[PDB]
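Just one chain is shown here, as structure tokens, and it is the form solved without the partner chain.
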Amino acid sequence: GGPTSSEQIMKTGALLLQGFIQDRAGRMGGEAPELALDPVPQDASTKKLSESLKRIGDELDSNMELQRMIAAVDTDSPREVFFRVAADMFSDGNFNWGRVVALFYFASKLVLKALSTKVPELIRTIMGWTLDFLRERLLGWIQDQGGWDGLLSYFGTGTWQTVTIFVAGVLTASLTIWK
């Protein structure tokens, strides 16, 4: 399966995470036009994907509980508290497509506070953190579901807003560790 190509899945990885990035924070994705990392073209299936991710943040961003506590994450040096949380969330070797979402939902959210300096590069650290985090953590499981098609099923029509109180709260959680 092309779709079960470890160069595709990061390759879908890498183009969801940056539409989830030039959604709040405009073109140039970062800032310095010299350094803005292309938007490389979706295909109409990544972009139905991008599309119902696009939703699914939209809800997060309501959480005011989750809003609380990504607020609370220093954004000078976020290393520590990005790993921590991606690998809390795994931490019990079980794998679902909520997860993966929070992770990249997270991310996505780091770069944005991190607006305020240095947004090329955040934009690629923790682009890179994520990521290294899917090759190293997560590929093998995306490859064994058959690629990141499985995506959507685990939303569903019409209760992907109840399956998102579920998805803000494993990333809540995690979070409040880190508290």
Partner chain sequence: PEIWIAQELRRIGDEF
Given for the second form:
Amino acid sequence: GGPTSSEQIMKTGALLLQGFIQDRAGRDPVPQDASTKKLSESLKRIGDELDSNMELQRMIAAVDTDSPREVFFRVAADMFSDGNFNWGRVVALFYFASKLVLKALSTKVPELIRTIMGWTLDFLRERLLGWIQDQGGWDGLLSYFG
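And the form solved in complex with the partner chain, for comparison with the form solved without the partner chain?
Next up is only this chain, free of partner chains and other molecules.
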């Protein structure tokens, strides 16, 4: 099938999106033929333009992302609810997806720290705490540090 085939549309779409999201997460690089590469370059330029839309940037930060999937589908649905389409919209959507990735991290990382802290303090509590008590607690480390 050619470009109009759903297969190419989905394939090229996946490459363009992945390249675009990985490209945005700057502030493994994707395999692309020549024409795809040209499209990818134009997309990066636009993403860069939108990053300077400071108000948009302010609102993505403010977004309640208890449910990032809900966020994506509510936004995607709202963007196209008037029944119109254009390339500007598809690109604006792709842009938003890449921002959701950064945003999703903004929630996973406190969680992750908390998770790892959980293991560490669990371990500390059950295995190290006796010895720490023998030092008179963390005031002992103050002493250790001369």
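Numbering follows the first chain given and starts at 1. Take the two forms, find the largest set of C-alpha atoms that superpose within 1.5 Å, and that set is the rigid core.
- Core-superposed comparison between these two forms: the Cα of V73 travels 2 Å or more.
- Comparing the forms between these two forms on their rigid core, the Cα displacement of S62 stays under 2 Å.
- After superposing the rigid core, the C-alpha of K48 moves by less than 2 Å between these two forms.
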